[PDB]
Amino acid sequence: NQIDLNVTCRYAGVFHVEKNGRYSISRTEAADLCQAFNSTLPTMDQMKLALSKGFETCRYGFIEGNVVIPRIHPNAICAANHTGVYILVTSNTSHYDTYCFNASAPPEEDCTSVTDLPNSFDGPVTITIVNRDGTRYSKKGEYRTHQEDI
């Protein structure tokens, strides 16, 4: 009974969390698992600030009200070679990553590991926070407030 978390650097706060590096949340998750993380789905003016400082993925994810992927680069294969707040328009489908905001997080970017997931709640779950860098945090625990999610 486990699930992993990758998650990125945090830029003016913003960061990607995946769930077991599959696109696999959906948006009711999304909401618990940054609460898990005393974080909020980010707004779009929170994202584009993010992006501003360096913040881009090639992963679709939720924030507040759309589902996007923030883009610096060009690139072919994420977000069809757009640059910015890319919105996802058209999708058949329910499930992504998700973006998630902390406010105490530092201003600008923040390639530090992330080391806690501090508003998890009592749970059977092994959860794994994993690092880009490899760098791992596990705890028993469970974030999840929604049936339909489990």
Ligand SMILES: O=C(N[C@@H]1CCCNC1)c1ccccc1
Second form
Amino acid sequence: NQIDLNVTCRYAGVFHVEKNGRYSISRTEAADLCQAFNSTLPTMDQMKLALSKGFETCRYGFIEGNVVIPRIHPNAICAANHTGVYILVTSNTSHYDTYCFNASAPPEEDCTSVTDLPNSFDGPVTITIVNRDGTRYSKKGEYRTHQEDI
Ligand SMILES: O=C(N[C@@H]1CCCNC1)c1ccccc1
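And the form solved in complex with this ligand, for comparison with the form deposited without this ligand?
The next block holds the full complex; its first chain is the one shown before.
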């Protein structure tokens, strides 16, 4: 009973979370997952400021109201070579990664590791936070509040 959460650097408190190495998070699960990180889905403004501080990914993830990819460098296989906060317009499907925003994080680039899931609750799942540098933090718990996500 395991969940792997790959996380990134935080940029102005915004970071990316990929669950189990594939697009697998619903919008309801994304809100609960960010809440477990004492975080919320970023607003478009928060994500734009994170982008300006150096944040980019090559993965679709939820923010408040939209599914986006923050891009700094044009890359043909990432958001069709666009720069800026690329907004997903047309998709058949509902599961993506998520972005989260933690207000207590540093104001600019914070590429230290994530070392806790501070607001997870009691539960049976071994949840492992996996940093980009491979460092891991594991705890037993749960963060999903909607049955349809379990
Ligand atoms: O673990 C986190 N931050 C660490 C704290 C110690 C120093 N470096 C980052 C964290 C938790 C929840 C959301 C975002 C980040």
